[PDB]
Amino acid sequence: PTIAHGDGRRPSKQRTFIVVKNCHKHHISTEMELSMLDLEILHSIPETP
Amino acid sequence: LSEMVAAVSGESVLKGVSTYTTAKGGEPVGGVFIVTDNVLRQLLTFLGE
Amino acid sequence: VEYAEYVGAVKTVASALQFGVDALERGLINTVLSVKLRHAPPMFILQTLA
Amino acid sequence: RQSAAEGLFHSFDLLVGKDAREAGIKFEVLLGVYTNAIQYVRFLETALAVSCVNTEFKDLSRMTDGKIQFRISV
Amino acid sequence: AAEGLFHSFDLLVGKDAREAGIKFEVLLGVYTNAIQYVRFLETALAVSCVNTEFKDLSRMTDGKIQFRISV
Amino acid sequence: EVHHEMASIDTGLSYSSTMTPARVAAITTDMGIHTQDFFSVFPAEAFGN
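Each protein sequence line maps, in turn, to chains A, B, C, D, E and F.
For the first sequence, UniProt numbering begins at 100 and goes up steadily by one.
For the second sequence, UniProt numbering begins at 248 and goes up steadily by one.
For the third sequence, UniProt numbering begins at 149 and goes up steadily by one.
For the fourth sequence, UniProt numbering begins at 26 and goes up steadily by one.
For the fifth sequence, UniProt numbering begins at 29 and goes up steadily by one.
For the sixth sequence, UniProt numbering begins at 1087 and goes up steadily by one.
Just so you know, not all the hints are guaranteed correct.
[Claimed, not checked] Taking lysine-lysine pairs in the DSS-like style, the calculated list, with each CA pair at most 30 angstroms apart, reads:
(1) E:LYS51 <-> A:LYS124
(2) C:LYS159 <-> A:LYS112
(3) E:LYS51 <-> A:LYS112
(4) D:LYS83 <-> C:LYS184
(5) C:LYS184 <-> A:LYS112
(6) B:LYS262 <-> A:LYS124
(7) E:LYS51 <-> D:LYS51
(8) B:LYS262 <-> C:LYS184
(9) D:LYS43 <-> E:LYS51
(10) D:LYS51 <-> C:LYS184
(11) D:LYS51 <-> C:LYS159
(12) A:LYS112 <-> E:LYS43
(13) E:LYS43 <-> A:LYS120
(14) E:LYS51 <-> A:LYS120
(15) C:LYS159 <-> E:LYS51
(16) E:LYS51 <-> B:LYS262
Please keep in mind that the hints were generated in silico from the structure rather than gathered at the bench.
Given only the sequences and the hints, what does the whole structure look like? Please build it.
Now the structure itself:
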């Protein structure tokens, strides 16, 4: 908005702005280690208790 | 604390989102004070109910 | 394409005119306030004078 | 602005003559977002209005002068 | 028309269209190349070859051919 | 250009409003030491030699 002034010499023009916003990008990591004994006895098949 | 609130404005571009509200309803939540554990306790003793 | 153009035209023009009439309202408020301040004498003078 | 269409979304596509293939140069309709910050204000809703009495004059511009005359007996 | 584009961000910008909304902006001009896609069995070099399809080439192991010619 | 005109009169004879400074927000001018030189006020005046 704007106020309309009289004593001011030339009436203020109405105002519009263009605002360009940027999106930041953040990436996130974690590491998990797993043993080959697990990764194998998983592929195998159980038969006994 | 109230001054810390007032320093922030609601001059936002998006103009309309679903809001968070209290359990008692009505008044929407205005923001978050993130603090420490001890400051949390001392603020709860300085402010009541 | 022209339908989109038309609705955009009406949105822009309506916003412009609304802001104009609002600026005239705020100008009226400011003119009344300044008229008051022009004829408001200072308290340190007006107390004993009144 | 570095690129003509950075901040804008892409909505429609104008294809030359007929909508066949991608060979035609084509026209893309881009959209933007507009926000209006105005908050409505009324002089009769301001607390300030009690101070003054307001009368609407249809053609003030014609008025050259106005006056009030008080007659006070002492 | 201006809807159907976003999942939610159009719902975030607000619906009132007297305060905020999505307008029209300038048209942009694009010219995209046209490419002729090539096939072997479609070129005329195929007149020379005799094209049979072997699913698994591995079965061909020796890779020798005995020509038995008679005169 | 949109032009708007208004008129106002005072209803009573004596003063009907009054303003007063309530709280000092800031001191704009430093109360420091800065002598004004006369050699820029009167530049044409000069001695003999």
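So which of the earlier hints does this model not fit? 8, 10
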